[PDB]
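Here you get one chain, nothing else, as C-alpha cells; it is the form deposited in one PDB entry.
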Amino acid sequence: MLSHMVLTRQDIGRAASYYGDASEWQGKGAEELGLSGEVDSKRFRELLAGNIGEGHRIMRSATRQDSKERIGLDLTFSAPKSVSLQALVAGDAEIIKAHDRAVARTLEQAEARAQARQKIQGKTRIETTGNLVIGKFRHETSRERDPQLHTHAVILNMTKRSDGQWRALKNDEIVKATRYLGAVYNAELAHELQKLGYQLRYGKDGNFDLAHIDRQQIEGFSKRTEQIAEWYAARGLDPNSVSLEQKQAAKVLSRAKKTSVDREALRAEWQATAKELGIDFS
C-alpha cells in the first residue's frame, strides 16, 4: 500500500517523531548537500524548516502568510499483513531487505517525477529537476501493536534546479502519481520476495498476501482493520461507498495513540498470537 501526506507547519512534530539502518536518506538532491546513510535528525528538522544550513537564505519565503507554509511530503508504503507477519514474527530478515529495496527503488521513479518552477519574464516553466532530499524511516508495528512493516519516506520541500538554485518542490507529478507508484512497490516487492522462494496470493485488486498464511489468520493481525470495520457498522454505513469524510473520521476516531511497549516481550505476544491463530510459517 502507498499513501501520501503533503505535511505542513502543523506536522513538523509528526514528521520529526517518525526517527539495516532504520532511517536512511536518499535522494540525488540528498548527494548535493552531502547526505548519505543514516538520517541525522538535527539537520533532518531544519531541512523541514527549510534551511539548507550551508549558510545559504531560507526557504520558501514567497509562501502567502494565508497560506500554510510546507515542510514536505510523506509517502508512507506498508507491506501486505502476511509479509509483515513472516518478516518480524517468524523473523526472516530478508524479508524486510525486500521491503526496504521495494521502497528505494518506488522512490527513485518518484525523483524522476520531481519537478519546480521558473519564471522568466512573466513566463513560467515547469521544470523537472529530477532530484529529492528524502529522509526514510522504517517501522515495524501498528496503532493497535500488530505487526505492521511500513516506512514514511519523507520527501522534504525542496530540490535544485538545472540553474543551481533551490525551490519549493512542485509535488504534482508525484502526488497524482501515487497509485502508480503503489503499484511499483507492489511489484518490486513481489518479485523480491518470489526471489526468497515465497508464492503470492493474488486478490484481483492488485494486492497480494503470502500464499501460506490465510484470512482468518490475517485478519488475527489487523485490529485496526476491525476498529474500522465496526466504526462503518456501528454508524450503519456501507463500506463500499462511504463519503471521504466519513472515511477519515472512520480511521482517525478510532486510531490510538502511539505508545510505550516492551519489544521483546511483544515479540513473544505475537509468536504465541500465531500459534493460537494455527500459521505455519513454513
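Positions refer to the first chain, counted from 1. Superpose the two forms; the largest set of C-alphas matching within 1.5 Å is the rigid core. First, how it differs from the form deposited in another entry.
When the two forms are overlaid on the rigid core, CA displacement between the two forms of 2 Å or more is confined, within 216, 243, 67, 61, to 243. The rigid-core alignment places the CA of residue 258 2 Å or more apart between the two forms.
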The other form holds:
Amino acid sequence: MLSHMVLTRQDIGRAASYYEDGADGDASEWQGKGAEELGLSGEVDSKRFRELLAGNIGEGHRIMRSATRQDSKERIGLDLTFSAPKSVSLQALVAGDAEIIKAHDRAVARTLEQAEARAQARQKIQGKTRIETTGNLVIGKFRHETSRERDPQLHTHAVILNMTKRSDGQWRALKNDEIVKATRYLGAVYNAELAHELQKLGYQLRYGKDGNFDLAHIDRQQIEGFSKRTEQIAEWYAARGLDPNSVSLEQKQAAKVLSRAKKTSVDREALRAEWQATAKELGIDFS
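Shown: the form deposited in one PDB entry; wanted: the form deposited in another entry:
Chain only, nothing else included.
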C-alpha cells in the first residue's frame, strides 16, 4: 500500500519523530539525486533532517519558501508511506526474516526512483511561468515495524522534502502534482517490485485485487488475526450503517482516523513473543 500526505509547518514534530525507532541494515536512510548532490547519504542525521524540513538547506544558502503567502500553509514536505501486505509483515517480523525486510526496502527504493523521475518545479521569466521536470529529490526514509494496535506492520515513511534543484541550478519548492497524482501507479510499482523480490526468494504468492498479493501459505483468518486496525475500520462502517464496498474518500478517512484508540509504549522484546504466540494460536506455518 502507498498512501500520501502533504506535510505542513504544523507537522514538524510528527515528521522528526519518524526517526528512527529502536525496534524489531539501517532503520533510517537518505535517498535521491538531490540528496546526493547535497552530500547526504547513508543514515539520516535527525538534526540535519529538521533543518531541511524548515527549508534550511544550509551550505551558504538562503532559507527557502519565503514566497509562501501568510494566508496559506508552509509546506515542509510530502510523505509517502509504503506498507507491506500483512503476510509479508508476518514472515518478516514474527518469523524474523531479514531477507524479506531487504526486499521491502528495495521495492521502496525502486518506487521512489520513479517518484523522483516525476519531480517538478516552476520558473518565472517576465511574468511567464514554465514547469520543468527536475528529476531530483531529497528523501528521508524511516522504516517502522508496528501498527497503532501493536500488530506487525512493515512500513516505511519516505519523507520527500519540499525542495528540488531546477534547470538553472537554483533550489526551489517541489511542484508535487506528478507524484501526488501518480500514487495509485506508484503503489503498483511497489507491489510489483516486492512480489518479484519475494518470488526470487522462493515464496509462492496468492492474489487479491487491484494487484494486491499475500504469501500463499498464510490465509485470510491468519491475516485477520493480526489486522486489528482493519477490524476497527470495518466496525466503524457497520456502526454508521455504511457499505464498506462503496464509500467516499471523506468517509474512508473518517473511519480511519476516528476508529483509532490510543495505545501505550510497550516492551518490544515481549511484543515479538506475543506475536509468535498469536501466530501459533492461528496455526500459521512460516514454512
